[PDB]
Structure formats: C-alpha cells, structure tokens
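Participant: Here's the letter readout for the chains.
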Amino acid sequence: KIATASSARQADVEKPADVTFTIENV
Amino acid sequence: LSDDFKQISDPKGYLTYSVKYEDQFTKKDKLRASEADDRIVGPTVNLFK
Amino acid sequence: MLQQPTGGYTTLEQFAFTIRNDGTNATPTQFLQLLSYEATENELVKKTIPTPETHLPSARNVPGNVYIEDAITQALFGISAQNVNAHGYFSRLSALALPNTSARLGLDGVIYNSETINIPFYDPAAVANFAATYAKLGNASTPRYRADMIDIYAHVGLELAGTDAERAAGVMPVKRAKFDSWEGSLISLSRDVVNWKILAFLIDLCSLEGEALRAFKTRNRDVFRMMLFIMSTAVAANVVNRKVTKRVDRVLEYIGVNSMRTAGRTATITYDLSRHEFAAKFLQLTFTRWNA
Amino acid sequence: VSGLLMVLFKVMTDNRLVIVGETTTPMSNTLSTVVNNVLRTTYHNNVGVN
Amino acid sequence: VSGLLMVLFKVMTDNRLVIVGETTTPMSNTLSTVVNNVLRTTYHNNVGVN
Amino acid sequence: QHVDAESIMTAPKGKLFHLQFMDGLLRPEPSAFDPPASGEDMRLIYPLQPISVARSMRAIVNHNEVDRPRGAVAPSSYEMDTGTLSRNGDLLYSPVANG
Amino acid sequence: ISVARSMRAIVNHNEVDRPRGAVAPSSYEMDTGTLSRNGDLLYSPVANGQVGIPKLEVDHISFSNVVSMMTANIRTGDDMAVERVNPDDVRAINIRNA
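Chains as they are written, first to last, in PDB author numbering: chain A, 74 to 99; chain B, 150 to 198; chain C, 1 to 292; chain D, 248 to 297; chain E, 248 to 297; chain F, 1186 to 1284; chain G, 1236 to 1333.
Keep in mind the hints are simulated off the structure, nothing from the lab. Don't take every hint at face value.
Unchecked claim - Distance condition first, Cα-Cα at most 25 Å in a straight line; then the derived BS3-like pairs of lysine-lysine:
#, chain 1, residue 1, chain 2, residue 2
1, E, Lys257, G, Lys1290
2, A, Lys88, E, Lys257
3, B, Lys161, B, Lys177
4, C, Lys178, C, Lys243
5, C, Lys178, C, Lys246
6, C, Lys217, C, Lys197
7, G, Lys1290, C, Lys243
8, B, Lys169, B, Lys179
9, B, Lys155, B, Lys198
10, D, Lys257, B, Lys176
11, B, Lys176, A, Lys88
12, B, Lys198, B, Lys176
13, B, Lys161, D, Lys257
14, A, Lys88, B, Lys179
15, A, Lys88, B, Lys177
16, C, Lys246, G, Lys1290
17, B, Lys161, B, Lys198
18, B, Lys179, B, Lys198
19, C, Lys217, C, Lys47
To be verified - Computed beta-carbon distance windows for the label pairs:
#, chain 1, residue 1, chain 2, residue 2, range
20, B, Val168, D, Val265, 50 to 56 Å
21, E, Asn292, B, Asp172, 45 to 51 Å
22, G, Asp1275, F, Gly1284, 54 to 60 Å
Every residue gets a Cβ at the ideal spot worked out from N, C-alpha and C, and that includes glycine.
Work out the full structure, taking the sequences as your base and the hints as a guide.
Facilitator: Structural data, given as structure tokens:
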C-alpha cells in the first residue's frame, strides 16, 4: 500500500457553564 | 439427624443502619475507584452517600 | 491527662499558634508588625464592660462527642459558620463546669462523656475553671443576656491597634489599618486562625493566677490580638486594596468600629447576626478575664 | 414492653449457624492500600456495611 | 498586520470567566505513579494536551 | 404528621404518641436577595430527654469543602473495632494501649 | 521557518537512539508554576532560592497554567428585587437643600 500523511489539532470543548440545582455544601 | 440448627449464609444482624438523605446535596467531583475496591467498599459508600 | 505547666498549656510546642504570611510560617507577632494605622476624626472610648451573667446554661446530657474547639473557632473565624448559637455544645460545656463530672476535654478539643483513657485530656480542674466562664457563650442568643455588639469593639480596637499610651488612656482615635498583602490575605489569615487550638489559650486564661497568669498575658498578647484582628476584618465596614507602587496594600476601615454588616463579601469572613451575638458575648467574657 | 420480650424471645431461640457464602480473593494489587490493609485475603461478596 | 490587530482586539475584549466543568477524582491506586504525582486530587475530564 | 395542643393535653394516659422532630442541620443558607421575613416561626413541643439515641452518624456533607458542620457526628470507634475472640470464644474489642 | 515548531520526529531511530534533528518540547511548555501574590502566572523557581520569573515576562510559550475558577455557576441565584414606594404628596416634596 502507498505511504500516507495525516493531521490533527486539539479540539475546542468550551461550553457555557452548566446550571446545577444541587449544592456541594451546607 | 435432628434439625437442631438452621444453616445459613451471609447472616442477618439484629441491628441495621438506616439512613435519611437530603437528595439536594451532591458532590460535583465524581470519584472513580477500582472496580474491585468498589465491590468491597461499595454497599457502604452508597448507604452513607 | 495532660498536666498543666506552671506557664500554662500554651507554653507547649504542641499548642503553638502560627500563621502563614503569604504562605510562609510566621508567629502572629511578626504579622502584627506589618500593620500600620491612619487615625481619623472620630474617637473610640472604652466604657466599662458589663459584668457577665452568673447564669450558666443547664448541664443537660447530650448524645455524641461535642467538638467545642471547632465550634468556637468556627463561630469566630470560619467562613459562614452555621448554627453558632445551637444550645447542645454549651450544655455539655457547663457539664464540664461541675465539681466532679465524668466528662473530659480532649487536647483534640472534643468533649467526651466517657472517661476515655485512650485519649489525652486537659486537667479537669482547669477545664472546670474554663467552662465555668465560657459555657456562658450559650447565653449569647437569649434576649436577657445579649452582649453589647457595638461598644465592646472599642476594646478590641484598643487592644489591637492601640498604642501603649492610648491603651493607658483608654481613648484612641478610630483607625484605618493597612499592610502589604497578598491575594486573599484576610481569608487565608482566618483559615490559619480557625485552625488554632484556642482552648489551650482560654483554659490558660481561666486556670492560671498571679504571676504566671500575668506572664501569660504578656507572652500571648499577640495571639489575642490576631483573633481580635480576624474579628475586626469581620466587622470592618469597608475593606479595599490600594496599589502603592508595585505593592498592594490591604486597607481595613475602620478598626474598633463594628459596622454590623452581615452580607458576605470577597475580602473577609462575614458575621450573620448570630455570629455577632456570639462574638460579642465571647468578647465580653474574654475581655473580662483579660482585665483582672 | 411486649416487643422487647419478643425481641428477647427471638434471640433466645436464634438457632442460626453460619456457613461461608460465595467469597472472593481480590488480587491485592487491584485494591487501594487502605482497603488492602483492612482486607484479610478473602471476604464474602455480601460485604455488608461498615 | 490586520490579523494581529484583530487578535489583539479579540484578546483585549475576552470577557470569559471559567467555571469548573465535569471533574474526576481518580482513586490513585488506579493511576500509574508518574501520573499520580502529576495529578492533584481532581481534574477536568477534558484534560487537554500537555 | 401533626399535633394540636389539645391532643397533647387530652390523649389517653396509656397510648403511645408519635411526635416528629426536625434535624435542620442540613438546611442550606438563604440567597442574598431573598425577601426579608417579617414573620416569626414559632414552636411549642420539645423532648424532655435526648432523642436520637439511635443516631450513629449525622450531616454527611462538607461545610466549606474542608471544615466540619457544627452538630455533625462521626461514628463511634466501637462500630469499627473488629477485635478478636477471647480464649473461651467471646467477642472482644481491641486492647487499648498496652498491655 | 518552523518558529512554531514544538516537537519533531516522534519516532525511534534504532529503538533507543534519537534521530538527528528531532526536537523535544521546551521545558516551559511543561512548567505549571504557581501564582505570584498579586495573581500573575509564574514559572517554577530555578534552583534556589530565586523567585520564579513571571510567564508573561519572557517569550516562551507554556501550556500548563493555574486558572482560577468559580466552583459553580454564579448566576444561579434569584435576581435582586426592591420595594419602591413613591412619596405621598408631590407638593410636599423637599427638592431644596441643594
């Protein structure tokens, strides 16, 4: 088979901050 | 033979823990654990969630 | 049972009070050096503290181990402490006040109704002297016994920012504190203080008498002053950074004047009214013991 | 009072005799050290709660 | 040159404010020691690339 | 389950009442902008003796991530002391200190 | 050219040996430092006891950094509301006093 080349950049995964209703602390 | 005893496995106690939770409290950082350690420790961490 | 040293428990290396200074360990005395003050046109005057009520809360037995040290330190120094006036802890404290109680105060700061031989604890006579006064912290909420939340802070100012001549005079200008500081200097200071084992300090304050007691008052004045400082940041009307050259100076206006502010803010820990009642009562008892 | 009696009766007549149930011998390297110390070679899969 | 300006503009007007995302607290014994040292209790599941 | 003062006063002497009591340790703080409450919540009935004699643990949440909530209870050490057996076969706790 | 290059030739020359012309990432890419007391990013101190150079002060890129964050969304709460109560009589209003 023929030799080949490829590329990759790191992807964005930024999202608006989630709204949670539960709370970690008293 | 007489059935003088009642052979069993994984016995009931006379006392058990009972728990009331407030469901609105919940830690945001999920705690991954070893599957083995999760199967020893795990009934406990659920009951005292 | 830990024997109490003639100089008090505070002499022990086990009970050293220390604070991080931009992260490095330092005695409170070498933090208070950084502080500098600007006087203003108003003037603090310390009228005498009303004497604390004799009435201790009833010594009802309660399930479990009360964590009294953590209770007090959180009520005074912790971020958004809750249930500070809940009565059970101080009821056990009054149980410690009894002449021959089974209860014991661990060096950990917990109270155990068991004799609990495994855990080391303070000499019961000393905690008898200490509980006999500080159980009164349970009176802090009851309307008959609420402490002056306003005037007592004058004393705080005088004992913190007061120059030796002003401390003799009993009257000082209201002051604006300032110091070279770091990102969350006041919060981190309150963290460093809330971890203090103050019961050594209080038990020594109540148990010691005569020359050992007065020497305790001189040896520990900086400690007392740091607790006073954390409270002052809690009650300061306003706290702000000032950018002098590349340095950032934290500025607390004003020392010795309780603003009765209750809403939270970034700069400092904040008292809800329950924390004001508590802190004021604590100041009543502590300043009464300190001046004798 | 009656209930205590029956509790006391039911315990007086508890003729149960344990036999080992299904059990496991976790390979140790698979357990976190805090749990590896507590563990003693083997244990019932019905660990219960402590 | 224009692009640099707009880069410089877009950074001058970046009003983003991070909130912690979904996170994990790996049980440590489950991580190889080289990674256990680098790790500090918790981390975003979107670890990124270093 | 509710209880009028009238029933607390006029219930047969032999009957078991069933009171309820809140543990409000796990009630989260009000929002900074919740409207002020002019009203005063009030209470009449209290226990005369400790209730929650059965309690083992309490307030399994974090106060401020690291700090302990006031009124939280850790389990007694004895719950966790698998001891050993005495030479006749009775259960024992672990020796405390030595020997 | 290849001013942008961070790494190169991520293969093995002869299993253990390094290929000629391969480049390892600069140390700075990997130095999560800490924050200076005012809150700026810094590299780790080099040797001792010298204070860590701020990351913006020098030209190397760094991909491990300490970002401050809210623990959870801060818009979650109820919006502030007030009780405006306009004056009883307009003629009685004192606009004076300057």
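Participant: Does each hint fit the structure? Answer for all of them.
Facilitator: Hints and how they fare:
no.: 1; hint: E/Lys257 with G/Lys1290; result: 21 Å, holds
no.: 2; hint: A/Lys88 with E/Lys257; result: 18 Å, holds
no.: 3; hint: B/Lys161 with B/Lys177; result: 35 Å, violated
no.: 4; hint: C/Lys178 with C/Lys243; result: 12 Å, holds
no.: 5; hint: C/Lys178 with C/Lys246; result: 16 Å, holds
no.: 6; hint: C/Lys217 with C/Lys197; result: 17 Å, holds
no.: 7; hint: G/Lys1290 with C/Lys243; result: 22 Å, holds
no.: 8; hint: B/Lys169 with B/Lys179; result: 22 Å, holds
no.: 9; hint: B/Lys155 with B/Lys198; result: 35 Å, violated
no.: 10; hint: D/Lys257 with B/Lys176; result: 42 Å, violated
no.: 11; hint: B/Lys176 with A/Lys88; result: 21 Å, holds
no.: 12; hint: B/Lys198 with B/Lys176; result: 10 Å, holds
no.: 13; hint: B/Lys161 with D/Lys257; result: 13 Å, holds
no.: 14; hint: A/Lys88 with B/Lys179; result: 19 Å, holds
no.: 15; hint: A/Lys88 with B/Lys177; result: 17 Å, holds
no.: 16; hint: C/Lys246 with G/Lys1290; result: 17 Å, holds
no.: 17; hint: B/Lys161 with B/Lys198; result: 22 Å, holds
no.: 18; hint: B/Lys179 with B/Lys198; result: 12 Å, holds
no.: 19; hint: C/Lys217 with C/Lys47; result: 21 Å, holds
no.: 20; hint: B/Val168 with D/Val265: 50 to 56 Å; result: 26 Å, violated
no.: 21; hint: E/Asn292 with B/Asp172: 45 to 51 Å; result: 24 Å, violated
no.: 22; hint: G/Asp1275 with F/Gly1284: 54 to 60 Å; result: 59 Å, holds
Taken one by one, the earlier hints fail for this structure at numbers 3, 9, 10, 20, 21, listed in ascending order.
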